[PDB]
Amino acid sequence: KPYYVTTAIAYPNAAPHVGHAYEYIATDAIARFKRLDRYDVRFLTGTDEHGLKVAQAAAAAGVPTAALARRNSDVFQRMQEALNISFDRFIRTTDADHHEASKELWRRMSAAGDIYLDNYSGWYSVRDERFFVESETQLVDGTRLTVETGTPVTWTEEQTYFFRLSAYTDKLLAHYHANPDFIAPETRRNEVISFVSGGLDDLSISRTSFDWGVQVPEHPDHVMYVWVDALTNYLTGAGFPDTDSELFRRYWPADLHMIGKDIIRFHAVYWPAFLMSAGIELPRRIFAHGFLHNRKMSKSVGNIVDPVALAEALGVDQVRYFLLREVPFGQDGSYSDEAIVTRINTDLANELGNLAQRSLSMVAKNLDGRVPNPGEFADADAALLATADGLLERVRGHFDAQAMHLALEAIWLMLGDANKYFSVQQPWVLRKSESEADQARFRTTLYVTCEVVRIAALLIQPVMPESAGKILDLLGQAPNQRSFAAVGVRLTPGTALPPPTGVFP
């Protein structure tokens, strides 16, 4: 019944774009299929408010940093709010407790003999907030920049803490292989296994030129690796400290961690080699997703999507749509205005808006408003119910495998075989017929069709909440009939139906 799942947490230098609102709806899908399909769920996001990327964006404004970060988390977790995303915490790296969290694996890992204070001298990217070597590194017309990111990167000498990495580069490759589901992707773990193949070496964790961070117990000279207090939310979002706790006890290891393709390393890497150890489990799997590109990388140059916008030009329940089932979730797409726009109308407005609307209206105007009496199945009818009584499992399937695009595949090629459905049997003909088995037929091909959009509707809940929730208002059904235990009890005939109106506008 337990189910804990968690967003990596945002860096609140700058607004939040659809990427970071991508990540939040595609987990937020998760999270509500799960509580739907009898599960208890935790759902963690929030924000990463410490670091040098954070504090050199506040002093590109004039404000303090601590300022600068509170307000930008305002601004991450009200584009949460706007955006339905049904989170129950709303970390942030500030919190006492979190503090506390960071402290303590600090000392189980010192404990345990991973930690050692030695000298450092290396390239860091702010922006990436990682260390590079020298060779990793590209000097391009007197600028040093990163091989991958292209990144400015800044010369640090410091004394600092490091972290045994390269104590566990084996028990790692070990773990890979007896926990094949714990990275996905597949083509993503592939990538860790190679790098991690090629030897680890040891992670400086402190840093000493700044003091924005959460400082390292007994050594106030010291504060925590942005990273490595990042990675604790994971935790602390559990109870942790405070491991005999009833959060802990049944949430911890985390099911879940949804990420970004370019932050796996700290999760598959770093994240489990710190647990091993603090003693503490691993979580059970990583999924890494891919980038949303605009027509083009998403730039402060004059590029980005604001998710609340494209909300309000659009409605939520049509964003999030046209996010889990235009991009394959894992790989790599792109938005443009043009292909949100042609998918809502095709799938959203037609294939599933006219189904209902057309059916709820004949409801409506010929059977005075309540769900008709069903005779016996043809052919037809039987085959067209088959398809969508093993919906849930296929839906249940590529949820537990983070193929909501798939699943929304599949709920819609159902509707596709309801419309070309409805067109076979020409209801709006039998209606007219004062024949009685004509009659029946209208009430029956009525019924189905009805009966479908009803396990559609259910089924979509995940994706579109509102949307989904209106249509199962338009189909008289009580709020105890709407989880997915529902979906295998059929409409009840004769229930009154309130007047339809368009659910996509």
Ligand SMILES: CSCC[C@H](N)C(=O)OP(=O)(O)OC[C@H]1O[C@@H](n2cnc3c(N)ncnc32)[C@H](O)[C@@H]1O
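Residue numbers count along the first chain shown, from 1. Just so we're on the same page, rigid core means the largest C-alpha set that superposes within 1.5 Å between forms. First, how it differs from the form deposited without the named molecule.
- Here the two forms are overlaid on the core, and between these two forms the C-alpha of 73 is the only one among 236, 359, 73, 425 to shift by 2 Å or more.
- Annotation: Cα of residue 128 displaced by at least 2 Å between these two forms, core superposition.
- After superposing the rigid core, the C-alpha of residue 95 moves by 2 Å or more between these two forms.
- Relative to the superposed core, residue 403 shifts its CA atom by less than 2 Å between these two forms.
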Given for the second form:
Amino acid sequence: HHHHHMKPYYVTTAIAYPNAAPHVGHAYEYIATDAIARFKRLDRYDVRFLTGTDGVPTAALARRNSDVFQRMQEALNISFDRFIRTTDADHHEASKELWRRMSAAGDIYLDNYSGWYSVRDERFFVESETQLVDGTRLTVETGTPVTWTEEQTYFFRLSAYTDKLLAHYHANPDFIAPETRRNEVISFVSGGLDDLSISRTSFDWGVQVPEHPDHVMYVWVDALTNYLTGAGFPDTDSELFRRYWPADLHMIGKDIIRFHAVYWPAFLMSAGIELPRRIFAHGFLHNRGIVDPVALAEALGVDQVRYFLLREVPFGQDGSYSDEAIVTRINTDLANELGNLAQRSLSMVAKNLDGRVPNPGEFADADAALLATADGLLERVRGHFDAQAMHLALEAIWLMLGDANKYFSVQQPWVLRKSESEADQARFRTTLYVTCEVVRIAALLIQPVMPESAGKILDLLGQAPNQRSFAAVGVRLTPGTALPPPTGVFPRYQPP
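Instead of the form deposited with the named molecule bound shown above, give the structure for the form deposited without the named molecule, please.
Just this one chain is shown here; partners and other molecules are left out.
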């Protein structure tokens, strides 16, 4: 009964709230988290990569959510793992069990409350958190209407966890990232926290509170438990839960950080459940002077868009999109620096070395320096990925590709091809081998960012599909390997 060997890694994308519809607006988040998951799969991890998502209006919306999810997954090549339907997941047993544990811990109480309530956010707001935009009172943070409501509601004793949360932040400095987001959460919690309304009296459809069917949970309370549902909760003895909980990484947008970094860990502390290891809040994309990567991918190519978004924007910051910025990356970074270097060297293998990887001679100093830089990339890229700094990992790879192109232009293997010498031909073989070998290493490491284009390059280098994990980075290109006739992988931008 051994169906797994590698260390597990459980990573989630964000719940939909405050949007009723999942997936929409999450393409950037999905591309980034997919690259993280693909990197972990290539680095000998058992990856579990899941979404944070689970009358007549509600059901057709379920078809649209499905259609949007399939299109986004296929257009951007997201490799979410397949979740198995269970009876507990259909009946919201996770949030009901979480409620039971928090109630049994003494952290849930009924009370009367009056204040500004937002139907869309399902939250209460204080006076300073509202504003009259134009004779209509809206929330300052989200812009949703509020009306004054006097309700009976169940509260979570969030105030009893202010210091416990600050102690968790101090003991786990990598729990919240990037650092500007960590400083903001610490500043917020340090000001003190009030108790948190978590239910409403309603007969509308929703997750009924255990023992109190006249109350229903707010949508975001039950939504957060989807992370636990993804690991088989409330079946804490199940193999799924022992293996994958706690989650290693919650990937979210910075708009819902307080739900994940304050409310969520307090809920889990109250219920006696292990907390997630890390929360990373990314920024949002805007046009220069909203950005739809699915439409960009269909127009420009999936790997061009995935590369641009993960390279142009330092992950965590807000990003600016201009057509000029992505055209340069498509034409310079991809088509020229990587594509043309691979095409030039592979063309000489096919035409002058009978389509066979040459056996290199003894490596000169210039050969060893370039190989040493490439051999050191896996360690540097792994460190950047562990901090969710994919832009720095891609910059490191293209810095090596810069050295490789410089090396290629200095060695001039296309002029050594002519000479009938014994030393020029040996130098011809060695320089082509070194260029192919560093292209192989770069192609292996860009698989998380551009899976198909990297796969095509590895096909051109005669690498079987079984020899494409990061363990293969330390195994040099085999002389005598037969290479297929080279074809283009990274085309130049074609204006409409």
